[PDB]
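Single-letter residue listing:
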Amino acid sequence: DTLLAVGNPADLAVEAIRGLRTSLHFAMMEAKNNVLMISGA
Amino acid sequence: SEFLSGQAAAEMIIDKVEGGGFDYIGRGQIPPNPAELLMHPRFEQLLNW
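Here the protein sequences come in this chain order: C and D. Going by PDB author numbering, the first residue of the first sequence is number 494, and it counts up by one from there. Going by PDB author numbering, the first residue of the second sequence is number 583, and it counts up by one from there.
Since the hints were made in silico from the structure, they are not lab data. The beta-carbon is built from N, C-alpha and C at its ideal position, and this holds for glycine as well. Certain hints may be false.
[Said to hold, decoys possible] Now the in silico label distances, taken between C-beta atoms and shown as ranges:
| # | chain 1 | residue 1 | chain 2 | residue 2 | range |
| --- | --- | --- | --- | --- | --- |
| 1 | D | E600 | C | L496 | 31 to 39 Å |
| 2 | C | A534 | D | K598 | 53 to 61 Å |
| 3 | C | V499 | D | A590 | 26 to 34 Å |
Start from the sequences, fold in the hints, and give me the full structure.
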């Protein structure tokens, strides 16, 4: 019940999430504001 | 690493290859947060200089 990005910062999943962060830093440009909404099916 | 973390200057990192003819900057000590270090603006300052 603790964040993976804190307990094991060198896990593969956290590396993939850092890749997602770098993707977002370019995707989230020229957006009308700085709000991100993560949803699902 | 020792430059990105801020505990070194831009001049003590550059060394000369013996049988080469080009300078180089080694990684240094392995950090615990590489990808988070590389985002520091000092990296861009180093490249611009």
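Hints, verified against the model:
The beta-carbon spacing between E600/D and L496/C, approximately 47 Å, falls outside the hinted interval of 31 to 39 Å. A hinted range of 53 to 61 Å for the beta carbons of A534/C and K598/D is consistent with their spacing of about 58 Å. A hinted range of 26 to 34 Å holds for the C-beta pair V499/C and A590/D, which are about 29 Å apart.
Violated hints amount to a single one, hint 1; each of the other numbered hints is respected by the structure.
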